[PDB]
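2 protein chains.
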Amino acid sequence: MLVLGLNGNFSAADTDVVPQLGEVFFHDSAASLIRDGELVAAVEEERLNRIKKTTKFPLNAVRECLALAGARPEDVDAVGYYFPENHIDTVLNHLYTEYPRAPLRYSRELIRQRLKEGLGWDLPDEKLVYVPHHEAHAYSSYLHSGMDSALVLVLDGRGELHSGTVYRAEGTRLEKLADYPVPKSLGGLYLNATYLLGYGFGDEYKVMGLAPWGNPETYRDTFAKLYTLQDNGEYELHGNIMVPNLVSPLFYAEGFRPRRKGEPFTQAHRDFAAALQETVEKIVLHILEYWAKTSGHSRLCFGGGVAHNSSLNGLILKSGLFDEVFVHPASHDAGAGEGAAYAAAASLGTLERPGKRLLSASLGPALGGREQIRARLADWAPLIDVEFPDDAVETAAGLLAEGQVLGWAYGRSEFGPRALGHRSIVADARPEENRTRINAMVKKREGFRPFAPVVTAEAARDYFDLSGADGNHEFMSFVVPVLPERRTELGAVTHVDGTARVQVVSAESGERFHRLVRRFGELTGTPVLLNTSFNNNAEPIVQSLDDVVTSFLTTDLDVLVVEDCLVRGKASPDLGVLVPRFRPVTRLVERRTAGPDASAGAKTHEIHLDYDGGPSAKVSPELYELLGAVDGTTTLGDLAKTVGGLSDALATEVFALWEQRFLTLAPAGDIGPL
Amino acid sequence: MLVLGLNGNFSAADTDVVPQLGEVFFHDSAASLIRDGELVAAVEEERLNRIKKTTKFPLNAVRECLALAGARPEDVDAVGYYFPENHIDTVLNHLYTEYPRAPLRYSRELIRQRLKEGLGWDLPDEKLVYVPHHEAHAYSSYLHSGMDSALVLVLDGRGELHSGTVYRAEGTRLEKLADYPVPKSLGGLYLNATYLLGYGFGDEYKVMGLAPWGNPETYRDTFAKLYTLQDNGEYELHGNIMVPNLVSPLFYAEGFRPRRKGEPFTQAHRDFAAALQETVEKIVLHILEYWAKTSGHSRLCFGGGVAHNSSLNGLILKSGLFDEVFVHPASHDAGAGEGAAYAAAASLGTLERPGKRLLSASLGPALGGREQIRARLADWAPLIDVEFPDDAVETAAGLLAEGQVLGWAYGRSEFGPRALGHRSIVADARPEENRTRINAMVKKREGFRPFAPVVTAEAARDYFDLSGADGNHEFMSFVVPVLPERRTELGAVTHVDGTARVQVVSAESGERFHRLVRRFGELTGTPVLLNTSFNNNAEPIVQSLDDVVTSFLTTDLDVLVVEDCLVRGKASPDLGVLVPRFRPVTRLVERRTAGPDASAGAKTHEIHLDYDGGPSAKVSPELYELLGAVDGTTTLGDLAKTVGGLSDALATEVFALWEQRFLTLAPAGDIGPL
Ligand SMILES: COc1cc2cc(c1Cl)NC(=O)C[C@H](O)/C(C)=C/[C@H](C)[C@@H](O[C@](N)(O)OP(=O)(O)OC[C@H]1O[C@@H](n3cnc4c(N)ncnc43)[C@H](O)[C@@H]1O)CC(=O)[C@H](OC)/C=C/C=C(\C)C2
Ligand SMILES: COc1cc2cc(c1Cl)NC(=O)C[C@H](O)/C(C)=C/[C@H](C)[C@@H](OC(N)=O)CC(=O)[C@H](OC)/C=C/C=C(\C)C2
Ligand SMILES: Nc1ncnc2c1ncn2[C@@H]1O[C@H](COP(=O)(O)O)[C@@H](O)[C@H]1O
Ligand SMILES: [Fe+3]
Ligand SMILES: [Fe+3]
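These protein sequence lines are chains A and B, in that order. Okay, so the first sequence: first residue is 1 according to the authors' numbering, each after it adds one. Okay, so the second sequence: first residue is 1 according to the authors' numbering, each after it adds one.
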């Protein structure tokens, strides 16, 4: 029994179903493969097309999933989609009324077109199953819990009719208990408030991280105007008819001005975040307290995008409402896609289920075999120096104790937003200066941002306060207090309020990552490491070996440990041996506006990526003429000939374009099949 | 007292407040001037910046209005803006939260800045008066009716808080009787339905045009699901949580699918438009039946953009609910901008009321003086031939009876959407072929819509059924039955139901134009002409002299009468003397897209207009090189020399671009200070 789990929109690699399709119209595209109830493969399309939280159809991810499972498309019994058919089709239909050129292709046609043109797979109509959205979330969250009965809570932006559903799960049966309509959405509330801090969709956990720096008292009475707790677990949010945003009109009237990009985070900003955080905590806990005592369950599964609010999860844990809590590593809409497969397998036959609580998120493609990895690292030889230690884990521990910041890339990539020892960046967790530098030099982001620790399972309760319910900590789902006599020891990973979004790694969770953390602690006294996602500010988590090295070279990381190979930057790297390649979304433009006295303006030259919210950059005329000659095979050095050779001026410009990922730079060839 | 009335957004000429600012965000920019209670001058900014229904700050409109009154900016006693401050500032705030790079400038600052920069006008805060939107509409509609008391009804898409408001008006006193909340919007219902017909904002008149071709019984039980008539002149529209459109989800669920660009109108589309129109007729007559009885009033003013529904107005006339009915020539938001002037004067000093009933929309800038116009037509010599008849109206009547189709440009331009004898295209109205001949050829549009008759006040009732109430017909506000006997006589101007959007011209509403239609009737026994707006498919009604000549040369009209001059296109006109200039929104682009095997793809060259819904055209490499060298002074022929001279190929390419108004082409210099 082999079932595919789908979610996302239906856009091709180089265009969107409608021009400039908005970034929130079916986001976080992914594919999941379940076999005999076990999740054997899952990857988000963002990892393969390098567009954070992409809406494009997860074609690549279906191809990679089938590969990991050793299956051909003809082997797939059923395909599940994470939304009912009428609903996605009504929203497609709306987009078409706004774009009269766009042909009327609805989701069934478009799914079948993409699979057949992209994989040579005529999918039979009888094998395509559409699924209620919060039902898909529920299966995902609950089946992987290792629990045979639980209260299941789903909160996200919105399914087809509800912003929240409450379920009773017993064995493999889900039974709806309650639902909350769309205009009461808490993910809608959080995203609306996020826009006031100069952020956008995808940034909600940055706002979460800012919250502890603020005082929730300043704006408590203001947020109080926007919601009302009612009897028997109910609540309302209070809308307006001015703008499609629940928060900004009231705050404007009270003198709050939205932050601008580039501007610092004032104390009123920090307090806004703090009150918003408190608001959602008050509502969800109000919900949960009710349905805890009403349904009689002592175990909770929390899912939906809101369950990535690890601060909220830490409060649920410490509330005494439950004895166990479980959160899926992908509780946002990629997880809903996985659950759509369970639900599809349920409607065509009986539901085979996992036999154990999900402990590892390490479910995407791998980096490659030993010999193809050595072969590809030889292709980067003009740019990198490679050592091959006897015991790479032992070496890396030593380098981490010496204050090196390491890139760490092993095995299959993590499903979901957190990195957990397979696409990580790690450093000594003890020096407070490691927070300030890794924020400013490495990940190149805001100074208030916290960093998450990983601790061995054996030493966890030596450092953190895991008391209360038993939560799963293999995926940094819970914010947890650092024990007060440890907060100075752990300067980098102890947040401003003495909490940390902790990861407890074990031999069973991640044998190798646990070996590294164990040895570091043998060497230093402190079995705890800083562990942040391996990606710069312009890309999702690195996936392939070429992704890893590109990110290593364009980030200020000291050394890279990839599959037992020690990689370091060469002194004088040779950029010219790299082969430029346009992304399907790369565009080159020469533009002239109007000028003085109705003249033509002076030429300018930009490179930009053709999706909603994609970056832009001015380029020099020499670089513009170079990039126009890109054939995907000529190296950068021979391309530069046509503009008088790769000057140092040109290399630096290319390099900065490379950092922002406007086009692929990587040696000739590729690593090959895996 | 001198009061300026403003409406529209705050964008400058070349950019918008936020990038690609939606075309519905405070549209139909305009400026009006009142002095001692009289409307001295009013021009929509669309005529001056040449963008249909523009949202941009009406700076040119204000320069034109001040000069028309012989006034410095400093002379003005108050400025009135057609929306409350906190509402426009809350919408601006919402735009700013979605574009975190936009500086936080709200309306009071933006208004002062556009005036300080654009007119050197240091506007003191004391003088800026924001106005309730539906109050603005009502003042405009009622003070020009020449009525001394009336029931005032405003229906539009929405103001700050309502979509419909009912007023009692006595002299200068406005008293509010009733409101209808935003989600009951009939403008909204209408505009929603228009998107299902392949059309968009500003195409509502076309949907009205199509509805008689259709049978409302088909989709009548369907629309009945979307609304309910309730007691006491109340109605409910029934929404949905699927999409921001009232109509599309339910119609998708029954198999109605929207038409696409360039698709012919099917019988389903025809019937849809018929049921839509019947519905808003039902609801609006249900509102009016109640408020006519409850207020007891015999007179009705009607305003807000829904009042530009000529067919609905005709049902109000033919209902026996009122004696008089009045509709202002600019009942859409440009009229709310004038009414904002009046309300500012009332809030400050006292409100001086306009003398009599408005009879003439001729309120814009004029073409120029006889010496100026003659001189500028001399600059146009390489392209036209000019006769100076002794009696132009006399000659023009002859050609009309001979069968020529005439451009007719006199005096000041009409305020509001209808051309009424000052920027018109006139023709014999008797031959049915004249429909397709003028629509589907010279103006290059669509021919399902009949044309509009202008009849003399004297013969008016010998041709049309003006019975029922006493409506004002000086602005084509009412659709009325064509008398059955004259139906065959008037083939060009009579619909499938026998009705006609009637202009009734009198010696007092417009002298020159009355003489013209009388004389034509003495020469033919039919004192009815066809009257359409002087504009092709890519422009609003022409304004300037150069506007009028440009439009004549890029359409297939036979003759042009402009201020007693008879203008025809030369045998071989010399394009090369024209000086091309960029419009502030013109962009010239060389694009390269992604290509096969990750290469740099296709080098296309494009000209486009940078605004929401602006046209785009591909250009040849030679045009690209030519256009990029436009400097605002050098002629087209001299510019063409840098690419081998103005071939017939290039001149056709350039001409086709001129038809679509990507550029200004006109002789060197201007007409001068008008
Ligand atoms: C993302 O962010 C937001 C999004 C939205 C709202 C908001 C935000 Cl923040 N929030 C806000 O607050 C908006 C603010 O308020 C505003 C822009 C107000 C503008 C000034 C106002 O336009 C007015 N005042 O209605 O203009 P008017 O000329 O008098 O009439 C025009 C009407 O008349 C009908 N109509 C004409 N001709 C005929 C005929 N021949 N037959 C039958 N119907 C006809 C037309 O069909 C049309 O509906 C509102 C309006 O309608 C817009 O649609 C044009 C609404 C569009 C809906 C939205 C933008 C969703
Ligand atoms: C202009 O057209 C619109 C606009 C809007 C709504 C709709 C339509 Cl048509 N109507 C819909 O039905 C949208 C549909 O359901 C979608 C896209 C569901 C996705 C999978 C949601 O993803 C989840 N599961 O959270 C996305 C969100 O909620 C998101 O916040 C991330 C908030 C979005 C608010 C929006 C997009 C306002
Ligand atoms: N850390 C967070 N806190 C609160 N809400 C969040 C958080 N992350 C995502 N969301 C909301 O979850 C919604 C998306 O959920 P989903 O459909 O599962 O992808 C959006 O409304 C997000 O704003
Ligand atoms: Fe969801
Ligand atoms: Fe209006």
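Read the hints as simulated data drawn from the structure, not as lab findings. Among the hints, erroneous ones may be present.
Where chain A lies over chain B, by a calculated footprint (3+ residues, C-beta under 8 Å) [said to hold, decoys possible]:
| no. | segment |
| --- | --- |
| 1 | 99-113 |
| 2 | 193-202 |
| 3 | 248-261 |
| 4 | 570-583 |
Heads up, the beta-carbon is just placed ideally off N, CA and C, and yes, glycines get one too.
Handout entry: Given coverage of the segment 570-583 of chain B by chain A, tested with a Cβ cutoff of 8 Å and a minimum of 3 residues
Key = holds (count 3)
Quiz prompt | Within 8 Å of chain A (C-beta), three or more residues of the segment 193-202 of chain B | solution = holds (count 5)
| Given coverage of the segment 99-113 of chain B by chain A, tested with a Cβ cutoff of 8 Å and a minimum of 3 residues | It holds: at least three residues are needed, and the segment 99-113 of chain B offers 5 whose Cβ sits within less than 8 Å of chain A.
Exercise for the section: With a C-beta cutoff of 8 Å, work out whether three or more residues of the segment 248-261 of chain B approach chain A closely enough for the coverage to hold. Expected result: Coverage by chain A holds for the segment 248-261 of chain B (9 residues, Cβ < 8 Å).
The structure shown violates none of the earlier numbered hints.
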